[PDB]
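Excluded from the complex is one protein chain; the other protein chains are retained at their positions.
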Amino acid sequence: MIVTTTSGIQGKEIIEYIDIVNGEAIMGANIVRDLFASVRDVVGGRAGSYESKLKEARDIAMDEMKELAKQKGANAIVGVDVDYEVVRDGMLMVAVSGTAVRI
Amino acid sequence: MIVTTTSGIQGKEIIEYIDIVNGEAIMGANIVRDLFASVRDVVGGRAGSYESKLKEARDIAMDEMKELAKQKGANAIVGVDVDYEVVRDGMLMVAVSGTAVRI
Amino acid sequence: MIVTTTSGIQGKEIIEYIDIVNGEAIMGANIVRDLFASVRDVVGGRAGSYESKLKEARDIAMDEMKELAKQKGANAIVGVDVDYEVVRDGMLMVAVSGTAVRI
Amino acid sequence: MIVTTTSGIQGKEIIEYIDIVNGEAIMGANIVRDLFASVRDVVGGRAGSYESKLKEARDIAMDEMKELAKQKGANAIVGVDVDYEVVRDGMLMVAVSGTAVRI
Partner (left out) sequence: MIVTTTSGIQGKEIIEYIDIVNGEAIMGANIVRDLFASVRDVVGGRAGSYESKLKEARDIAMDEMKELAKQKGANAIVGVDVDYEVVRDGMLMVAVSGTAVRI
């Protein structure tokens, strides 16, 4: 199913704006305590060890929103937003939102 | 009513831009520290304990915004944003914004 | 005057993109303490005493931006964004931004 | 040159998408303290003594972004975002972003 951070799907028309949908996943204090504290210079995502866990939580959040959108009978999510929140300095949450849509 | 994170609604053009509407809900420190401090690795909202409360908060904020838009005579909200704010060590505030519109 | 979180005003043409405009309002550590950090479970905006103040602050920010756009001879604000920031230990800023425009 | 938080410029087609450009400015710990610490209830931008240094930090970030755009051959910036980040304990950073464009 098509997911996009744009407001539309070029060439396709939206017949239905079904609902705003969301997904999240949380990374515990211990995981974020060490994979991020290991960083000493400017370390990118390929090189660093923090990315696969971050990407894992982001994909969990993505698929939750996808599953929710699909189970509402949508065939696209537009206007997708990706947000990161560090709750009590340890709990890094990744939240996704967007509009479940019929095209 | 129709709510969308997108700048417009396709096929139904906007007759009047009424106002910027908002809604919020706050999760208390005890509850945030309680349920969000869970997870020892990476856990989604789909299979968690914190989501239920986060989704409760998000839905309240959403309901508030739609109600306010109703009151203002709106029959759609476009350009919707869902953001999150760690207001203290504890609290998370979910804030929703968007433009109350009549189509 | 027309303020929208959308990129345009349907049916009307933007003649000039005059400037990016801003408004802020800051909430004191005591006010955030007493009203915001009191919340124990989940409290929405209609039920929380925090709201009248958050709305007051947000309305101050919005009015400050509108007037500043008025100063510049604009008759529209487009691409409006609402932001919240913990600016000092215990303090809360609402910052609004947008594009002052002539339709 | 033209700067806008909207996703485009009306009536003026984009010839080239040159680069995403960025600007920042930072206020010292001292500065945040002396102008924010004093705030008690709700204090807006027009009235607040904090507003001139903040607007100065923002205007510096903007100028630096505009200057980089100009150096890249651009004559407009579109999709401008304004960010506030408490970077060290005491200090506030204002970061701006957008796409440097040719119209």
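Order of writing sets the chain letters: A, B, C and D. Residues in each chain are counted from 1.
The rule is simple: contacts are C-beta pairs under 8 Å (C-beta built on N, C-alpha and C of every residue); 3 or more make two chains touch, one makes a residue touch a chain.
Of A:14, A:25 or A:54, it is A:54 that touches the chain left out of the display. Within the whole complex, the absent chain has one touching residue among A:62, A:74 or A:100, and that is A:62. Shown as candidates are A:14, A:31 or A:92; the residue that touches the absent chain is A:92. Mapped onto chain D, contacts with the missing chain fall at residues 7-8, 13-14, 17, 19-20, 22-28, 30-31, 53, 56-57, 60-61, 63-64, 67, 78-79, 81, 83, 85-89, 91, 93, 95, 97-99. Residue positions on chain A in contact with the hidden chain: 2-11, 32-33, 36-37, 39-46, 48, 50-51, 54-55, 58, 62, 80-84, 86, 89, 92, in rising order.
Criterion: only the chains that are shown with their structure count from here on.
If you average the Cα atoms of chain A and of chain D, the two centres end up 26 Å apart.
For the pair chain C and chain D, the distance between mean C-alpha positions equals 16 Å. Residue positions of chain A in touch with at least two other chains are not found. In terms of which chains touch, the assembly is arranged as an unbranched chain of neighbours. Contact between chains, as defined at the top, is found for A-B, B-C, C-D.
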